[PDB]
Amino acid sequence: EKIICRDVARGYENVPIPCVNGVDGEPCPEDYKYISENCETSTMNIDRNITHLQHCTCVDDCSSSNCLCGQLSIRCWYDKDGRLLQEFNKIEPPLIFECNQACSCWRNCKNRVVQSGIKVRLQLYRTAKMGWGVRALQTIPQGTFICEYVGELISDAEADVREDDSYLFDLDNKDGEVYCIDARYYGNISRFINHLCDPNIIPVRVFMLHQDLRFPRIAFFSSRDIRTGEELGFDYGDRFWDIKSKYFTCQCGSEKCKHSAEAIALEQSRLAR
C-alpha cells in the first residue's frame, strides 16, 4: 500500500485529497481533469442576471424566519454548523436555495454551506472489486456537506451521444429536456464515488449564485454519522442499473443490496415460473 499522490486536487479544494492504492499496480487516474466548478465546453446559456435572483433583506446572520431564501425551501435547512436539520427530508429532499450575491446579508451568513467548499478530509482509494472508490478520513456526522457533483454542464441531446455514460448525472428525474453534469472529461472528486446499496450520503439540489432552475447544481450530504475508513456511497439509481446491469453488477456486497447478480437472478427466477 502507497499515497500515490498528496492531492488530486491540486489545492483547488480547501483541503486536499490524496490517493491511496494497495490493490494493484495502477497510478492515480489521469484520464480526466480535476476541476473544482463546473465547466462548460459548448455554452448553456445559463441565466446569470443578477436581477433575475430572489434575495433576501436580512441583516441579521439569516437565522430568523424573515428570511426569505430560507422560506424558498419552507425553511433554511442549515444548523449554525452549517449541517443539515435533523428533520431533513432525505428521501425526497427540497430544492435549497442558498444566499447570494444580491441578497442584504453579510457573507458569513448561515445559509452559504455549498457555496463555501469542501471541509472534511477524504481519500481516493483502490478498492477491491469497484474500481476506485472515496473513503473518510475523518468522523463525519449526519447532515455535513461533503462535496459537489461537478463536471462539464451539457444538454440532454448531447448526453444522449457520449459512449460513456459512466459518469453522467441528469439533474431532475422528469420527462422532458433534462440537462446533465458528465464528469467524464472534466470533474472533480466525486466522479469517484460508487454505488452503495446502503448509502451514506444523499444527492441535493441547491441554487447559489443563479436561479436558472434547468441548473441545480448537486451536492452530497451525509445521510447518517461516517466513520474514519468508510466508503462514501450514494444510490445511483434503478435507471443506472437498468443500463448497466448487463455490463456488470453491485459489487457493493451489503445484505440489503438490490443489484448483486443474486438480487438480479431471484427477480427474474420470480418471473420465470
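Positions refer to the first chain, counted from 1. Rigid core here is just the name for the largest C-alpha set that superposes within 1.5 Å across the two forms. What changes on going to the form deposited in another entry:
With the two forms fitted on their core, the C-alpha shifts between these two forms stay under 2 Å for all of 173, 104, 139, 108 except 173. After superposition on the rigid core, the Cα of residue 75 moves by 2 Å or more between these two forms.
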Given for the second form:
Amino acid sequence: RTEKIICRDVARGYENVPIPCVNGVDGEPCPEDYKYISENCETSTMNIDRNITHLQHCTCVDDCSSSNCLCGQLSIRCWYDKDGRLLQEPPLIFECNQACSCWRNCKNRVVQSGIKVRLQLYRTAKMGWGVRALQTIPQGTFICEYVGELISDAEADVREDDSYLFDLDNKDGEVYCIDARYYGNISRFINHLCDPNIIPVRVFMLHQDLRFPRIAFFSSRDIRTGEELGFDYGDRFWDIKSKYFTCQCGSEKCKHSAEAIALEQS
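Alongside the form deposited in one PDB entry that was just displayed, please also present the structure of the form deposited in another entry.
No partner chains or extra molecules come along with it, only the chain itself.
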C-alpha cells in the first residue's frame, strides 16, 4: 500500500512550520472531527488574569543567560541551555514576558517561540493516528504545546469523551483541564508510550494565572527521524480506560497491557 499524503498542513499555516498528514495503513480520511487551534481556547468565561502589573518579571539587560535573572530563579528545578534545550515536585518553567526589561529574543523564551521541529501526523498500525518526527531531535528540545479547550474539573467530570483530556493538577486553587476533544492542536494525536520519548512540563509565559499553566512537550532523549512521539499518559488515565482497552505500545516493559494489569493484580 502506498503512503498517501492527504493534507499539506493540518494546522492551516498557524504554526511556524507545516504539519502534514499521511496515511499508508488504511482508508481513514484526514481527521476532521475537531477544530485545529494553535492556542488554548475557552467556550465559557475563563477570563485569564493578564494584569501586566502583577506579572513577576526580570530586570536583565543581557540575554537572561545569568543566574541573576528573576524569571530563571522562579523556574522550579529546570533551566534552558544556550541552544534552548531544557535541563532538569514536578518542574515548572517561568519564561520571560512582556513586563521583563529584556528583549523578545532572550534565552528564556523557548516555548513562547513555538514549534521548530518537523512533525507529521500519520496513521499508526494499531493505535489510530499518531505523531512522528521527520528529523533527528536532540534530548531537551521543545516539540509542541498541548493545546485545547480550557475547562473546569467539574466540567471534565461530566464529559463523555475523555480520550483527549489533560488534567493540569493545580497545586493551590481549583483544578482545571485542557480538553482537546473538540478543539485542539497536533498534540491531541500524540499516543501513550510506556517507553516515552517526550515529557510534558508546566510553563508560564505571557500570563501568570495559576489556574492555567500551559503544557509544553520536550524530548526526554535523542529522537531519530521517523520515530513516533509519545508520552506517559499516567496511571490515572489507564486506571480509567483499561476497562475499555489496554496498551498496545508493545514495549518489553509495557505497564498497561492486559497481561501487565493482570500481573499487578496478583
